[PDB]
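Chemist: Based on the hints, put chain i in the right spot on chain j.
Number of protein chains: 2
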Amino acid sequence: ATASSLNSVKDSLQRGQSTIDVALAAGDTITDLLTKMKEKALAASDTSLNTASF
Amino acid sequence: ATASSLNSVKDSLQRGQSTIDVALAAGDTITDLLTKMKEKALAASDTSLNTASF
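Here the protein sequences come in this chain order: j and i.
Adding 55 to a residue's 1-based position in the first sequence gives its number in PDB author numbering.
Adding 55 to a residue's 1-based position in the second sequence gives its number in PDB author numbering.
Everything labelled a hint here was simulated from the structure, so no lab data went into it.
Misleading hints may appear alongside valid ones.
The list treats identical chains as one, so a pair stands whether inside a single copy or across any two.
Derived SDA-like pairs: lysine to any residue, alpha-carbon spacing no greater than 20 Å straight-line [stated by the list, open to error]:
#1 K91 - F109
#2 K93 - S60
#3 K95 - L68
#4 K91 - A81
#5 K65 - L97
#6 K91 - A80
#7 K93 - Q72
#8 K95 - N62
Chain j extracted, bound-state conformation:
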């Protein structure tokens, strides 16, 4: 009964792996988005820009 019962534990562990996979797949986008954020913030830090570019 215990050895048969372990199968749901296995399925839960790999369902959790799938959920963490989806989370990391979104974080790969969030990181690039923050990188473009910091790049545009560096570009907007300049006082030399005319107002339209800012």
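Modeler: Chain i only, in chain j's frame:
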């Protein structure tokens, strides 16, 4: 992230170099104008000229 962020620094230094280039292009005119100014003043300093030349 720190590597990709430097493109904005490159664009900023390049924009500043272009602005200093435009300022020097104006100064090349400004200095020749000051030189012709000093020549006209040295010509006007002399008393021998009649009123029309002054």
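Chemist: Now tell me if each hint is right for this structure.
Modeler: Hint-by-hint comparison with the structure:
Taking the shortest alpha-carbon separations for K91 and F109, only the intra-copy value of 15 Å comes in at or below 20 Å, while the best inter-copy value is 41 Å. Proximity of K93 to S60 under the C-alpha cut-off of 20 Å is restricted to the inter-copy arrangement: shortest distance 7 Å between copies versus 50 Å within a copy. For the homomeric pair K95 and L68, the shortest alpha-carbon distance between copies (15 Å) is at most 20 Å, but the shortest distance inside one copy (40 Å) is not. Taking the shortest alpha-carbon separations for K91 and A81, only the intra-copy value of 16 Å comes in at or below 20 Å, while the best inter-copy value is 37 Å.
For the identical chains of this complex, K65 and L97 are inter-copy neighbours only, at 11 Å across copies versus 48 Å inside a copy, given an alpha-carbon limit of 20 Å. In this assembly of identical chains, the alpha carbons of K91 and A80 lie at most 20 Å apart only when taken from the same copy (18 Å versus 35 Å across copies). Proximity of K93 to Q72 under the C-alpha cut-off of 20 Å is found in neither arrangement, the shortest distances being 31 Å within a copy and 23 Å between copies. In this homomeric assembly, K95 and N62 come within 20 Å of each other (Cα to Cα) only across copies, at 10 Å, whereas the closest approach inside a single copy is 50 Å.
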